[PDB]
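Take a look at this single chain, the form deposited without the DNA, given in structure tokens.
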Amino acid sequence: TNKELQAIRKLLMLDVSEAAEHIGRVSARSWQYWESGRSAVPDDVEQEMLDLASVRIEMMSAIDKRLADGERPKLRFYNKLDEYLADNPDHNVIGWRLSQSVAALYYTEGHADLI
């Protein structure tokens, strides 16, 4: 539904324009129409957003591994996209947002430091 689509997008920290370009391959206006509720949300886009959410879960699982190993992780929080891309040259703006989503969660809940 429109509500599930927006929920996942925001949890993954994607701006509408970023989700539209990279996941929907549609204009931002088209993506807004999907989230507005005045349109059918196509099921394929919803499925691709759930696939991307599984990437966030994989990234969380890796941090959980460090925690089980006794480490208090120091996670890079990239305020600047360009710095993320410099350190992660095989990723893009969507990877940057997923990194923010994961680092912010672990920090805010008291489980990791940000660097």
Given for the second form:
2 protein chains.
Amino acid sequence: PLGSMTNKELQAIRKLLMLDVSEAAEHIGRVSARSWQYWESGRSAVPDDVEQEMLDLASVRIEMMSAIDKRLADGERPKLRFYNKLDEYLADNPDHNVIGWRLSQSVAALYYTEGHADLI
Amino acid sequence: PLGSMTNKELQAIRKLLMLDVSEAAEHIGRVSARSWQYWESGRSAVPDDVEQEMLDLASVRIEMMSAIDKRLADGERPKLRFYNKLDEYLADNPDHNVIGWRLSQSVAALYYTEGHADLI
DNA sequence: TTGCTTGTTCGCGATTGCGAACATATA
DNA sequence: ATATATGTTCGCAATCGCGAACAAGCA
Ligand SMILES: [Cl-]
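Same protein, the form deposited with the DNA bound this time rather than the form deposited without the DNA?
Below: every chain and molecule of the assembly, starting with the one above.
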């Protein structure tokens, strides 16, 4: 199963998690931005650990969506926080980083586009 | 109803549809990129027609997602096409533009991250 | 043994977000 | 009558994606 991530699959999961190339290269791949661009362009294969961390971030996203679903089924119309600046996010989440900020942006954007939540 | 879209809501739906600021400003707002950045930063209100066009694009996304859901319920593991370059997408879709390209990118990324489709 | 692999670094053109200024049309 | 909202253009620092070159680590 692991190790079959294509370059375009990596680009797609990165874009869906709403990560910039530099952010993922610095915090996930722990490599230069050029190496991440090479991975997404097909020059070098996607490392196994990078792929596994992608799936892990996907699972974290699933947890967030599940909490919001719990709130929805209870009759709530959620007012979800969509942090424009990363510093505003880290002021409310000291043990997080830009990865969690982008994940929160993605979940809030999805639940607004679906029409179930308003963003503040 | 129309006119309640905030700046952050516009930014969120734009990023969800995987649109760049320049693309949305050129093809959707039909304004300069500076005016779109002003809209998304809260300098001026989001026009009603731009809002409604956002919602219409969301509906088109729902159409695509429903087609792929039908394919999934039939037992198929979809091999979704993720176009890295816009010219490839337009060569496969003559009557489309960058909006449909970004919509298809977002949908394919969603169905790959969910774990139901492979990208080619 | 060294070709394929993979990473870093540098340079450069293209692109972006934003401040600032200008213009308009309209209440 | 006129502030005010809203669009445009211009310049600029910052950022990004890419080509090309260099280097280490192999198998
Ligand atoms: Cl409701």
